[PDB]
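Asks: Using the sequences plus the hints, can you model the full thing?
2 protein chains.
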Amino acid sequence: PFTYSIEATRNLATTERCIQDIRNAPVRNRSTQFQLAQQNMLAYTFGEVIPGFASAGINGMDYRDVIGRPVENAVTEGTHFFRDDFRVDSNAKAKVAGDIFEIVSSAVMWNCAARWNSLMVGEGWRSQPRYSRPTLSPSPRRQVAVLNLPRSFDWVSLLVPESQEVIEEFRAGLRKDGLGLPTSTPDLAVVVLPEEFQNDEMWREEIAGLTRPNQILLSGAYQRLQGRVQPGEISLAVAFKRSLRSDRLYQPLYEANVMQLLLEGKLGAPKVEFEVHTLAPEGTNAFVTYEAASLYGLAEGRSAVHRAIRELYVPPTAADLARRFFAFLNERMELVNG
Amino acid sequence: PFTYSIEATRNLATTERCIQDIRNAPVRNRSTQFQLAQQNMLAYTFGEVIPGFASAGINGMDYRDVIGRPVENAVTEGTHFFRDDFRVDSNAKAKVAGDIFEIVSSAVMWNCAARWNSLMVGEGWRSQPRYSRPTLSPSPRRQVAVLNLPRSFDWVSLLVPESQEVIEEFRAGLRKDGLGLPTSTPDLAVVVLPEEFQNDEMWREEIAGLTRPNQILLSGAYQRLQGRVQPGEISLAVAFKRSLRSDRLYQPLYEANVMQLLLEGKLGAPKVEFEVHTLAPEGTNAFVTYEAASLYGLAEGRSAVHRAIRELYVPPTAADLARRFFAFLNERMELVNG
DNA sequence: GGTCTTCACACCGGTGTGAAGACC
DNA sequence: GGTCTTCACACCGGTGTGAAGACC
Ligand SMILES: [Ca+2]
Ligand SMILES: [Ca+2]
Ligand SMILES: [Ca+2]
Ligand SMILES: [Ca+2]
Ligand SMILES: [Ca+2]
Ligand SMILES: [Ca+2]
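Chains as they are written, first to last, in the entry's author numbering: chain A, 2 to 339; chain B, 2 to 339.
It is worth saying that the hints were derived from the structure and are not from the lab.
Do not rely on the hints blindly, as some may be mistaken.
Copies of one chain are not kept apart here, so a pair can be met inside one copy or by any two copies together.
As the list claims (entries may be wrong) - In silico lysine to any residue, SDA-like type, Cα no more than 20 Å apart, as pairs:
1. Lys94 x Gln40
2. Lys267 x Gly302
3. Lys272 x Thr4
4. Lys267 x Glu301
5. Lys177 x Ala38
6. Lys272 x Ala93
7. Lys177 x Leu219
8. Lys94 x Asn200
9. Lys272 x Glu332
10. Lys96 x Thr279
11. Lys94 x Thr77
12. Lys177 x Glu301
13. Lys177 x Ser304
14. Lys177 x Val289
15. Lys272 x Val157
16. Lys267 x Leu182
17. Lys272 x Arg65
18. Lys96 x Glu312
19. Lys177 x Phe35
20. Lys267 x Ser304
21. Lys272 x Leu313
22. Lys177 x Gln36
23. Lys177 x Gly298
Replies: See below:
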C-alpha cells in the first residue's frame with residue numbers, strides 16, 4: 002500500500018515483489034544485482050490510491066513526496082528481504098522516479114478527463130473531492146481523451162488517413178534525398194474524443210488505483226484512437242521532466258518544434274499547444290529559456306511569430322494539477338461547436 | 002606526469018594537487034567531500050605530453066585509454082593522501098572526463114593548425130611525427146585558427162560589426178514580441194585567420210604540453226579574433242560528447258539548427274559545417290538519426306535541402322584525429338583564393 | 001511458429017568553474 | 001572598489017521495458 006504494510010509485503014508473490022534479484026541472471030553488458038520492478042512498485046504503492054482523488058492528506062501532500070514513495074518503499078522491501086547485500090544504483094532510482102512521475106500525472110489527468118466527460122454527457126458533477134464546477138455549457142461533443150504514448154511511438158498514426166497522406170509524402174520526399182525527420186515521442190496528448198466514441202462508457206468512469214489491469218488500460222488507450230483524430234483536434238501536448246538541467250531542457254524544445262512543423266505547416270492547424278511539467282527547476286533559467294520563439298517560418302516572415310512551448314508549470318500538489326487541467330479544459334472546450 | 006610518478010606527486014604544492022579536500026569548506030547545497038581539480042589534473046597528466054604529437058605508443062594508444070588517465074591518476078593520488086576516507090562520485094568523474102576529452106581534442110587540433118600554418122607561411126613541414134604532407138599549393142592566406150569557446154559564449158561577437166548589426170536587429174525584432182533565440186555554445190570553431198594576424202608567429206608554434214600557461218593561451222584565443230571574422234570564413238564547427246544517448250544526441254542538433262538559421266538565412270553563407278565527435282556511440286542509432294535534414298526553409302521550399310550535421314566521427318587514436326583534420330584542411334582550403 | 005533473448009528508447013541527479021554579485 | 005561568495009552552464013553513465021529478433 003501507500004505506507005508499506007509488512008503483512009501486505011509478506012502476502013505478495015515472488016514475481017510481484019518491488020525488487021527482482023538478478024544476481025544469477027545477469028544482463029548482457031551490465032553489472033546490476035537487484036533491479037527495481039517499476040510496474041510492481043506502481044501496483045504496490047498506488048494500487049488503491051490515485052493522488053488528487055483520494056484523501057485530502059494525500060491530495061494536499063507535497064507532490065515531491067508523493068513521487069518518491071514507491072522508491073523508498075522498494076528500498077525498505079529490499080532491506081527486509083536482503084540484508085547487508087542489498088544495494089541499488091542512484092541512476093536506476095532516477096530513471097524509475099521519472100517514469101513514476103510521468104505515469105502518475107497521466108493517471109491524475111485521466112481521472113480529471115473522466116469527470117469532465119461525465120459532466121459533459123449530463124450525468125452530474127462528482128463531489129467527493131471538492132473541485133469547482135466548470136461553467137461551460139454541457140455538450141456531448143466537448144469530450145476529451147487523455148493518451149499516454151509509448152516510448153517509440155510515431156504519433157502521426159493517430160491522424161486520419163487523408164491528413165497522414167501528405168505527411169507521408171513529405172517524409173518520402175525527404176527520404177529520396179537521403180534525409181530524415183527524427184524526433185522523440187511526446188509524453189502525453191490530450192485530444193478531442195472522436196465521434197464514434199461519444200457514447201462509450203469507458204471514457205466516463207474513474208479508476209480506483211494503478212493496478213496492473215488499470216496500467217494496461219491507460220497504456221493501451223492510444224490504440225483505440227489510432228487513425229481517428231483530426232489534425233485540428235489535438236488540444237494539448239505535455240512533456241514531463243522530474244528535474245531540469247541547462248542542457249536537458251533543449252530536448253522538449255526540438256520536440257515542440259518538429260510537431261509544429263508537421264501541424265501548422267503541412268496541415269494548416271491553428272496553433273499547437275505544448276507545455277512542460279517539472280518538480281525542480283532550480284539551478285537553471287528555464288523560465289526565460291522557454292520564452293523562445295518556434296523555429297518555423299522565421300526564415301520567410303510569412304506568418305505570425307509565437308513560442309514553441311506554452312508554459313512551464315511546477316505543481317505543488319496533485320490537487321493543483323487537477324484544478325489546472327479543469328481550468329484549461331473549461332477555457333479551451335468553448336472553441337468546440339456543440 | 003602521464004604515468005603517475007610518486008616523487009612528482011610529493012614535489013607538488015598543496016594548491017596544485019589533483020584532488021582538493023573541501024570537507025571543512027562545504028559547497029552551499031552540496032555534500033561533496035573531495036573535488037577533482039580539473040585544471041590541476043590536466044597540468045599533471047598532460048603537462049609535457051600532447052596526444053598525436055608525442056611518442057608513438059601515446060600516439061597509437063586506444064584513445065579511450067588516453068582520455069581517462071587523468072581520472073585514475075587523481076584516484077591514485079587521493080588514495081595516497083587519504084586512506085579509507087577518500088571517495089569520489091561517479092557523476093563528477095563523468096563531468097571531468099567530458100571536459101578533459103573536449104580540451105585534449107582542442108589542443109590536438111590546435112597543434113595540427115599550427116603545423117598547417119607553418120607550412121602555409123613556407124617554413125617547411127615538420128616531420129618528427131610522420132604525417133602525409135598536404136598537396137595544396139602553399140599560400141599565406143590559407144591559414145586557419147582553432148578557437149575553443151567558453152561555456153556561456155554567444156559566438157556572434159566574433160563576427161564583423163556590419164554582419165553583427167543585422168543579427169542584432171533580428172534579435173531585437175524578436176525581443177520586442179517578448180520572444181527569444183537561446184542556444185548552447187558550440188564547443189570548437191575552426192575559422193580562417195584574419196588579414197591583420199597573417200604574420201603573427203603565435204599561430205605557427207606548437208605547445209609542448211597542457212600547462213596552465215598553455216591552458217590559458219588556448220582558452221583565451223577567442224578574444225583575439227573577436228569582432229574580426231567574416232560570416233563566410235567559419236570553416237568548421239565541432240561538438241564533443243564522450244558518450245552518446247538516445248536523448249542527449251538531440252542537444253547538438255538544435256545547436257546545428259540555430260547556427261545555420263543565423264548564417265544561411267540572415268547572412269547568405271554558402272553552408273555551415275557542423276560535426277559531432279564521440280568515443281562510444283553504442284546503445285543508440287545515431288548514425289541514422291544524424292542523417293537528418295536541417296530545420297530551415299522546409300516550410301517554404303525556397304532552397305535546397307541538406308543535413309544539419311556533417312558527420313559523426315569516432316576517433317580510435319589521436320593520430321587518426323590529426324590525419325582527419327589535416328585531410329579536411331587540405332580539401333577545404335582550396336576554396337580560399339590565395 | 002512459438003518462446004527465449006537481446007537491443008534501442010528515454011530516464012535523470014551529482015558535478016568544476018568562470019563570472020555576476022554583494023557587503024565591507 | 002577590491003576581494004570573497006554564490007549561481008547558472010553543460011557535463012555524462014547506470015538504467016526498466018516494450019519490441020524486434022533468432023534458432024529451435
Ligand atoms: Ca516518456
Ligand atoms: Ca509516455
Ligand atoms: Ca518524460
Ligand atoms: Ca563545452
Ligand atoms: Ca568549449
Ligand atoms: Ca562537449
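Asks: Hints first: check each against the structure and report whether it holds.
Replies: Going down the list of hints, with the structure as the test:
1. Taking CA atoms no more than 20 Å apart as the test, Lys94 paired with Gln40 passes inside one copy only; the shortest distance there is 14 Å, against 32 Å between copies.
2. In this homomeric assembly, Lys267 and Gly302 come within 20 Å of each other (Cα to Cα) both inside a single copy, at 17 Å, and across copies, at 12 Å.
3. For a Cα distance limit of 20 Å, the shortest separation of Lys272 from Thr4 qualifies neither inside one copy, at 44 Å, nor across copies, at 60 Å.
4. Proximity of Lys267 to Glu301 under the C-alpha cut-off of 20 Å is found in both arrangements, the shortest distances being 15 Å within a copy and 11 Å between copies.
5. Taking the shortest Cα distances, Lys177 and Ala38 never come within 20 Å of each other, neither inside one copy (43 Å) nor across copies (50 Å).
6. Taking identical chains as interchangeable, the C-alpha atoms of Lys272 and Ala93 are never at most 20 Å apart, the minima being 37 Å within one chain and 42 Å between chains.
7. In this assembly of identical chains, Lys177 and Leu219 lie within 20 Å of each other by CA distance neither inside one copy nor across copies; the values are 38 Å within and 43 Å between.
8. Neither within a single protomer nor between protomers do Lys94 and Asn200 lie at most 20 Å apart by alpha-carbon distance, with minima of 41 Å and 57 Å respectively.
9. Proximity of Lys272 and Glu332 under a CA criterion of 20 Å is satisfied intra-copy only: 16 Å inside one chain copy versus 45 Å between copies.
10. When the C-alpha separation of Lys96 and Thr279 is checked against a cutoff of 20 Å, the pair qualifies only within one copy, where the shortest distance is 15 Å, while the shortest distance between copies is 24 Å.
11. In this assembly of identical chains, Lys94 and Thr77 lie within 20 Å of each other by CA distance solely inside one copy; the values are 14 Å within and 29 Å between copies.
12. Taking the shortest alpha-carbon separations for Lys177 and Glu301, only the inter-copy value of 18 Å comes in at or below 20 Å, while the best intra-copy value is 25 Å.
13. For the identical chains of this complex, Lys177 and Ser304 are inter-copy neighbours only, at 16 Å across copies versus 29 Å inside a copy, given an alpha-carbon limit of 20 Å.
14. For the identical chains of this complex, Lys177 and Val289 are inter-copy neighbours only, at 15 Å across copies versus 39 Å inside a copy, given an alpha-carbon limit of 20 Å.
15. Taking identical chains as interchangeable, the C-alpha atoms of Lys272 and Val157 lie at most 20 Å apart only when both belong to the same chain, with a minimum of 17 Å there against 31 Å between chains.
16. Proximity of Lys267 to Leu182 under the C-alpha cut-off of 20 Å is restricted to the intra-copy arrangement: shortest distance 14 Å within a copy versus 24 Å between copies.
17. Proximity of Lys272 to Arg65 under the C-alpha cut-off of 20 Å is found in neither arrangement, the shortest distances being 32 Å within a copy and 47 Å between copies.
18. When the C-alpha separation of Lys96 and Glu312 is checked against a cutoff of 20 Å, the pair qualifies neither within a copy, at 24 Å, nor between copies, at 30 Å.
19. In this homomeric assembly, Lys177 and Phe35 never come within 20 Å of each other (Cα to Cα): the closest approach is 47 Å inside a single copy and 54 Å across copies.
20. Taking the shortest Cα distances, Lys267 and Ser304 sit within 20 Å of each other both inside one copy (14 Å) and across copies (17 Å).
21. For the homomeric pair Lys272 and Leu313, the shortest alpha-carbon distance inside one copy (18 Å) is at most 20 Å, but the shortest distance between copies (35 Å) is not.
22. In this assembly of identical chains, the alpha carbons of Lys177 and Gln36 never lie at most 20 Å apart, being 44 Å within a copy and 52 Å across copies at closest.
23. When the C-alpha separation of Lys177 and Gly298 is checked against a cutoff of 20 Å, the pair qualifies only between copies, where the shortest distance is 17 Å, while the shortest distance within a copy is 24 Å.
Violated hints, in rising order: 3, 5, 6, 7, 8, 17, 18, 19, 22; the structure is consistent with all others.
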